[PDB]
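**Q** Chain residues, written in single-letter form:
There are 2 protein chains.
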Amino acid sequence: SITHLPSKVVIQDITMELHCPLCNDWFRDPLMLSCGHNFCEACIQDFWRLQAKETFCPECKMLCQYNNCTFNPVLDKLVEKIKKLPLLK
Amino acid sequence: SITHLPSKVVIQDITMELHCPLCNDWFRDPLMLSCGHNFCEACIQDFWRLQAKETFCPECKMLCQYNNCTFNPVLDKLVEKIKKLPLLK
Ligand SMILES: [Zn+2]
Ligand SMILES: [Zn+2]
Ligand SMILES: [Zn+2]
Ligand SMILES: [Zn+2]
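Heads up: the sequence lines are chains A and A', in that order. A prime marks a further copy of an entry chain.
Everything in the first sequence is counted per the entry's author numbering, starting at 22 for the first residue and increasing by one.
Everything in the second sequence is counted per the entry's author numbering, starting at 22 for the first residue and increasing by one.
Keep in mind that the hints were calculated from the coordinates and are not lab data.
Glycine residues also receive a C-beta, built at the ideal position from the N, C-alpha and C atoms.
Take these hints with a grain of salt, some might be off.
Example chain A' residues on the side facing chain A (calculated, C-beta under 7 Å, incomplete) [what the hints assert, rightly or not]:
(1) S28
(2) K29
(3) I35
(4) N59
(5) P94
(6) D97
(7) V100
(8) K104
Derived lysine-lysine pairs resembling BS3-like cross-links, with alpha carbons at most 27 Å apart [stated by the list, open to error]:
(9) A:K29 with A':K29
(10) A:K105 with A':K110
(11) A':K74 with A:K110
(12) A:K98 with A':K110
(13) A:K98 with A':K74
(14) A':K82 with A:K104
(15) A:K110 with A':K110
(16) A':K98 with A:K82
(17) A:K105 with A':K74
(18) A:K105 with A':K29
(19) A:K104 with A':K110
(20) A:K105 with A':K82
(21) A:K29 with A':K104
(22) A':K74 with A:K29
(23) A':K98 with A:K29
(24) A':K82 with A:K110
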């Protein structure tokens, strides 16, 4: 995209990217799946253990293998920082 | 950390987290290594091909295996968004 965006809209977009789509809260110990999507470790583990018959990604439906999941620590750092951001608009 | 931070300081901290430590520019097609650190794909590939005798992480020095690297697409999305943020302070 090549359009200017309202400051508040950009902050909100950034914030949506740091929210887990399973719990709709801030990522906590996010795992990244083979497709590149991220979920709280607890959220994706419970989804797979409890709701899903194969280990697929809830967002894109691609078949991930459990053993290919990896921690995504940069997301923890970004969550910590942005929660401290004063929203001046 | 449990201290309030200046808005501008928080934006700058967030921005440092979205910069590749090898090139000091915005992440472009970042790969995440087994240790959880991220670098532009081109940057870490050139580092390993050209400067380094084993595939270690330039930040933490841990021995990563090349085949365990993964794309970290969330970082591309965050780079795109934050570059559009008007800096009002
Ligand atoms: Zn979650
Ligand atoms: Zn996915
Ligand atoms: Zn780079
Ligand atoms: Zn590292």
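**Q** Is it true that the CA of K98 of chain A sits at most 27 Å from the CA of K74 of chain A'?
**A** Violated, at roughly 30 Å.
**Q** Keeping to a limit of 27 Å between CA atoms, is the pair of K105 of chain A and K110 of chain A' held or broken?
**A** holds, 16 Å
**Q** Does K29 of chain A' pass the interface hint, meaning its C-beta sits closer than 7 Å to a C-beta of chain A?
**A** violated, 10 Å
**Q** Is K104 of chain A within 27 Å of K110 of chain A', Cα to Cα?
**A** holds, 18 Å
**Q** Let me know if the C-beta of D97 of chain A' comes in closer than 7 Å to any C-beta of chain A, holds or violated.
**A** violated, 9 Å
**Q** Mind checking the alpha carbons of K82 of chain A' and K110 of chain A for me, to see if they're no more than 27 Å apart?
**A** Measuring from Cα to Cα gives roughly 42 Å; hence the hint is violated.
**Q** Hint check: is the beta carbon of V100 of chain A' less than 7 Å from a beta carbon of chain A?
**A** violated, 11 Å
**Q** With 7 Å as the cut and Cβ atoms as the points, is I35 of chain A' at the interface with chain A?
**A** With a minimum Cβ separation of about 5 Å from chain A (threshold 7 Å), the hint on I35 of chain A' holds.
**Q** Has the given pair, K110 of chain A with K110 of chain A', been kept, meaning a C-alpha gap of at most 27 Å?
**A** holds, 12 Å
**Q** Does the structure keep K105 of chain A and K74 of chain A' at a Cα separation of 27 Å or less?
**A** violated, 41 Å
**Q** Hey, does the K104 of chain A' contact hint survive, CB to chain A under 7 Å?
**A** Cβ of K104 of chain A' sits 9 Å from chain A, so the hint is violated.
**Q** Given the hint that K82 of chain A' pairs with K104 of chain A, does the C-alpha gap stay at or below 27 Å?
**A** Not OK: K82 of chain A' and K104 of chain A at ~30 Å, beyond 27 Å, violated.
Of the numbered hints given earlier, the model fails hints 2, 6, 7, 8, 11, 13, 14, 17, 20, 22, 24; all others are met.
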